[PDB]
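Below are the chains, spelled out letter by letter.
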Amino acid sequence: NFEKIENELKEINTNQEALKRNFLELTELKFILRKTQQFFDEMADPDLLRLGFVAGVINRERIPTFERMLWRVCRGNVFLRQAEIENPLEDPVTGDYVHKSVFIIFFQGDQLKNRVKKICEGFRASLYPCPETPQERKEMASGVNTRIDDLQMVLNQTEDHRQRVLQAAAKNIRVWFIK
Amino acid sequence: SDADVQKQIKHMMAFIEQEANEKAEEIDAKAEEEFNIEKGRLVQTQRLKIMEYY
Amino acid sequence: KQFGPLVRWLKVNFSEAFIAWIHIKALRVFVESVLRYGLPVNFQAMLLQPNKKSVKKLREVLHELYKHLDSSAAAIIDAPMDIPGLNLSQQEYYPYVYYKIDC
Amino acid sequence: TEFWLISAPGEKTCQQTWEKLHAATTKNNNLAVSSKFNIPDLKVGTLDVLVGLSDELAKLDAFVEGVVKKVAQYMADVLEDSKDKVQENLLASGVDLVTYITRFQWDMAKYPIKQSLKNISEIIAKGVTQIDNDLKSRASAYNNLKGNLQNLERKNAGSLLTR
Amino acid sequence: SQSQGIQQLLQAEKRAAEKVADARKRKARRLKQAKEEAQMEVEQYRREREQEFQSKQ
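Residue numbers (this note's numbering), protein chains in the order written: chain A, 110 to 288; chain B, 14 to 67; chain C, -16 to 86; chain D, -18 to 144; chain E, 644 to 700.
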């Protein structure tokens, strides 16, 4: 009884962290996917390989230094854009709710790609994969919109299972301890 | 700022223009070279086959 | 026997070595000028020698002049240390392309 | 001595920048002597290629700084008995080093302007590395000869036991 | 306001991509023209040596 109780507790505890991380990642990806189309909101005439493109999210109070460092390392021609993501969102690894800005960078080739990705990783941002075309955007949007709800569902049900089993343990632990 | 935006965009359009120009001229030179050398190849081998025939 | 030939060889070779040095300086200047001021090419650089204790006022006035010739909206004020990654900044920055020769 | 190179970025026309940087500046005050660097109008590669050349010529400058002044160091060390007036013993050409630099221009005869900055920098780097190895060999040979003469001095030095 | 930058960048990318695509099409077309001209010159040599062979006979 003790072995099973503690083992199931350990397993759920461990799995909860991974599910939390993935759910938060997918939430941030969903937000970025949302704002990307607004960034394309000029004129939709087209029905739907030299410019490279990346996107991610940063914390506030970094934005000006980050922007100027990009502008200084890749002088005058790394096209960075950004916008606010209202309401905080937990950092999956840092574990802090903090104000966030979604950001994009466009570049011309491999040499600039290297610098951009390296400076991003140095500033410890979060990129996640991003699309290039409207149908890719819809694919990713649906893929994250199902998975976020799925992971939230399983997280909540498994936490309820934690509650049930932990109540069952606490109801009897003192007698278990004494025995 | 707006000045930065317009100047940066001007520079990027100029550089993509010149990148396209470079690729176009490079493919032009390669197409001409391969035009000449494909003439060489085909003409020479087929003419040598004709040499053997005659 | 050997001192004379060595001095002659070094005399001739320093000329070529330094000419190459300034060639690299010029190519550096051109690439950085294009990047800073994308095409078309419009960079006719200046060679400047500062006078006695002129540096302070000289660079103050140069910065004041170049405020708008190169955007003041970025950099200049401060910068962290970008060690992580392929490359990091080893040079000061200003509203202009600046390089130097240590003759 | 030290010399500065400043972009002078056009301003819609060369004169409206150069004349103001030179004549207007010097007439404002004599804080610096001014001249033109005579940049060559090289063929421009792709922006990605240019970003690669950014690092290439960032490192190359620091490399040649070492090599050329190593040539100068070994020059002085070989000519130690008369290294005075070092600037003339070094001078590439002209009467003075400043006289030389204030007249610099891209030299076609050594390397041509037509080729890409990649190839031109590679050939210049070949020249500089070969200069480095040539120093390491020939200056080392002269150094070994000088050390041999010092061994002779040791042979002629000290008590009669050591001599 | 913000979107026009991305719009212009994407449209310039499209223009450059179409230009280089047309250039590659040009490469292929000129290569096939070279092939055809090679065949025609082979045919000219074949005709001339056909005449020489008949004269020999």
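Simulated from the structure, these hints should not be mistaken for lab results.
Check each hint, because a few of them may be wrong.
Residues of chain A clear of chain E, computed beta-carbon distances all greater than 10 Å [claimed, not checked]:
(1) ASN122
(2) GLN125
(3) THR136
(4) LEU158
(5) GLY252
(6) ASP258
(7) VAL284
Derived pair list, reagent style DSSO-like, types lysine-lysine, alpha-carbon separation capped at 30 Å [stated by the list, open to error]:
(8) E/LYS699 x B/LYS36
(9) C/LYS83 x D/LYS127
(10) D/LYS127 x D/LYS51
Note that beta-carbon positions come from the ideal geometry of N, C-alpha and C, so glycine has one too.
Here is how each hint holds up against the structure:
Annotated as non-interface, A/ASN122 keeps its C-beta farther than 10 Å from every C-beta of chain E; the closest such distance is 44 Å. The beta carbon of A/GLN125 is kept farther than 10 Å from every beta carbon of chain E, the shortest such distance being approximately 39 Å. Every beta carbon of chain E lies more than 10 Å from that of A/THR136, the smallest distance being close to 23 Å; the non-interface claim holds. Against chain E, the non-interface label of A/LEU158 is violated: not every CB pair exceeds 10 Å, the least being about 6 Å.
No Cβ of chain E comes within 10 Å of the Cβ of A/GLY252; the nearest lies about 23 Å off, and the non-interface call holds. Distance check for A/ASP258 against chain E: the nearest CB is about 30 Å away, which clears 10 Å, and the non-interface claim stands. The claim that A/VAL284 is not at the interface with chain E holds, since no C-beta of that chain comes within 10 Å of its own (minimum 65 Å). The suggested pairing of E/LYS699 with B/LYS36 is violated, with an alpha-carbon distance near 53 Å, which exceeds 30 Å.
For the proposed pair C/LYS83 and D/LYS127, the alpha carbon gap of about 36 Å is over 30 Å, so the pair is violated. A distance of roughly 19 Å separates the Cα atoms of D/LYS127 and D/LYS51; the hinted pair therefore holds under the 30 Å criterion.
Hint violations for this structure: numbers 4, 8 and 9, all remaining hints satisfied.
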